[PDB]
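What follows is a structure written as C-alpha cells; I'll ask about it next.
One protein chain omitted, others in place.
Going in written order, the chains are labelled A, B and C, and every chain counts its residues from 1.
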Amino acid sequence: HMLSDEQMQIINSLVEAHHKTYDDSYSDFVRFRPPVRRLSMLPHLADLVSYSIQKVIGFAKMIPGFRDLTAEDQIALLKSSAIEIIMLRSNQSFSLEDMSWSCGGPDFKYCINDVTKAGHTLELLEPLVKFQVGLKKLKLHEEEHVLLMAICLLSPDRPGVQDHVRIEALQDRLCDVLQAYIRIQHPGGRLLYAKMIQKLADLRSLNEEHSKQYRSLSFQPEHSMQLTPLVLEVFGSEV
Amino acid sequence: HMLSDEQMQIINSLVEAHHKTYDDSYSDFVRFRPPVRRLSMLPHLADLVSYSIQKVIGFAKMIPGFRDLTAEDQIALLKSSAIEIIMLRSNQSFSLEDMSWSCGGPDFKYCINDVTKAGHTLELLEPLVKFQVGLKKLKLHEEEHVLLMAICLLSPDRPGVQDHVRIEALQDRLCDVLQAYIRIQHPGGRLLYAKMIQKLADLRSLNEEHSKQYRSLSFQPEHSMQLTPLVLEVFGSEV
Amino acid sequence: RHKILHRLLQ
Partner (left out) sequence: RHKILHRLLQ
C-alpha cells in the first residue's frame, strides 16, 4: 500500500506552506514590544499572538481547497481555530529540558510564569504545557505536524460555518493522507493517528478555557488596550 | 498689577499636572515597539502617540474644572484636541540644533524622514516643524507652556461639545491668567499673548491636515492594524 | 463607543 501522487502533492503543499509561515530564527521577535518581568508580559505576548495569527492566516491560504471556500467560511474557521493552530505550531519551539518555549534568545523564553504575567491562570496553563509535552512525546514528523494543523483548521464543527459539507469533505480527505502517511512512512505508528485525534480533542478543551479567560480579560479596558487590532478582531465576537 | 491667589493656585495645579504626565527621561520609550529605519516607523510612532494620549488624558483630568464637566464633553474635547496637545507638549523635546525631536538616546530622535516612514507627507510635516520652531523661538516659560495646553484643550469651538457656555467660561478664565502672567512675570512679552493665540490657530490648521492624512491611512487595514486600540478610538469617528 | 477613553477618565 502506497500514497497517491495527489496526497504527496498535498503533503508537499502543506510543508512548503509551513516553512513560508514559520521563521525558525525567531528574528522578528525583536520587533514586538519587549517583554517585561499588573500584567507586565501582556504587551509582548499580545504582539506575539498577533504576529502568529498573521502567520496562521498565510498558512491557511495555502491549504489546498481553502482559497475556494467563501470568505465568510474562511473567517469562521480562522476565528474559531486560531488559538488552536497557535497552540499547535508553538510546539516547534517548546522544549522538554526547560519545559518552556525557547525562541531566539533567552529574552524570548516563556516559562509558565511569563504567561501568568499576561493575565492567565494555571487552569489554562497546566493543560497547555501538558498538551505540549504529550505532543512533544508523540515526536511527529514535519509531515504529520503540518497535517494536524491543516486538519484542525479545516474542521466543520465550528460555530458559524456555512458550507458545512464541503469542509467536512476536505478535512476527511486530509485525514486520509495523514492516516496513510503514518501507516507507510512511520514505524511504530499504529497507535499514532488515534493519539493525534485525541490531541485535537485537547485543543478544543484548551480553546474553551482560553476563550473564557480572554473574555474576562478583554472586558477590562486597562488590559484590552494592550491588545492589537488583529487580536481583538479574531478573538472578538461581532461576526 | 498683580496675580490673585486663585490664579497662582491654577498655575500651580497646571505645572504639577504637567510634571506628573511628562517624563523628561523618556525612559518609557524602550517599551514601545522599536523604531525601524512600506511604513517602517509606523509601529514605533503609533505606540509613541498612544502613550502620549494617555499622558494628555492624565493632564486634562487635573485641569481645574475639567473633572466637573460631563464625561461626554470630556471625550469631545479630548478627541478633537488630542493631536494638538501632542504637537504642543512635543515641543519640549524638539531642538533647533538637530531640527528634530531628540528624546532619550539617538534611537528615539525623530527627524522629518522618520515621520514620513510612519505614513505622512511633507505638507503635514513642514508646517509641523515650522510650528515647532516658531514656538521654540517664543521661548515660553513652563507656566505659559502648560497654560497654552490647558487653553487649547478647553476650547469650546470643538465638534460635539454640549455645555458650550461652561467650557468657554473656563477657557477664558485660563486666558486671563495667561495674559496676566505675561504682563507681570515676562519681560518683553507685550506681543507674546497674541503670538500664542496665533499658535493655537496654527494648531487647528495642523489638526486638519493630520486628520485628513490619518483618515487615508486608517482606511487601509495593512496600516491600521499597526495602530493601537486607544489611537483608533481617539482619532476614530463613531462618537 | 469610547470604552477605553471613558475608563481612563475614571
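The rule is simple: contacts are C-beta pairs under 8 Å (C-beta built on N, C-alpha and C of every residue); 3 or more make two chains touch, one makes a residue touch a chain.
A.B. asks: Taking the entire complex into account, which one of B:98, B:157, B:172 or B:222 touches the absent chain?
C.D. replies: In the complete complex, the chain left out is touched by residue B:222.
A.B. asks: Looking at A:75, A:112, A:169 or A:197, which residue reaches the missing chain?
C.D. replies: The missing chain is touched by A:75.
A.B. asks: Given the contact definition stated above, which residue among A:23, A:176 or A:233 touches the chain not shown here?
C.D. replies: A:233
A.B. asks: For subunit B, which positions touch the chain that isn't shown here?
C.D. replies: On the subunit B side, contact with the omitted chain comes from 221-222, 224-225.
A.B. asks: Could I get the residues of subunit A that touch the absent chain, sorted low to high?
C.D. replies: Given the touch definition above, subunit A has residues 54, 57, 61, 71, 74-75, 78-79, 229-230, 233-234, 236, 238-239 touching the missing chain.
One rule holds in what follows: only the chains that are shown with their structure count from here on.
A.B. asks: Using the stated contact rule, I'd like to know whether A-C or B-C comes out ahead in C-beta pair count.
C.D. replies: Looking at A-C and B-C side by side, B-C shows more C-beta contacts.
A.B. asks: Could you grab the centroid distance between subunit A and subunit B? Build each centroid from C-alpha atoms only and quote it in angstrom.
C.D. replies: 42
A.B. asks: If you average the Cα atoms of subunit A and of subunit C to get two centres, how far apart are those centres in Å?
C.D. replies: So the centre of subunit A lies 33 Å away from the centre of subunit C.
A.B. asks: From the mean C-alpha coordinate of subunit B to that of subunit C, what's the distance rounded to whole Å?
C.D. replies: 19
A.B. asks: Touching two or more other chains, which residues of subunit A qualify?
C.D. replies: If we look for residues of subunit A contacting two or more partner chains, we find 224-225.
A.B. asks: Quick one: which residues in subunit C touch 2 or more of the other chains?
C.D. replies: In subunit C, residues 3-4, 8 touch at least two other chains, as defined above.
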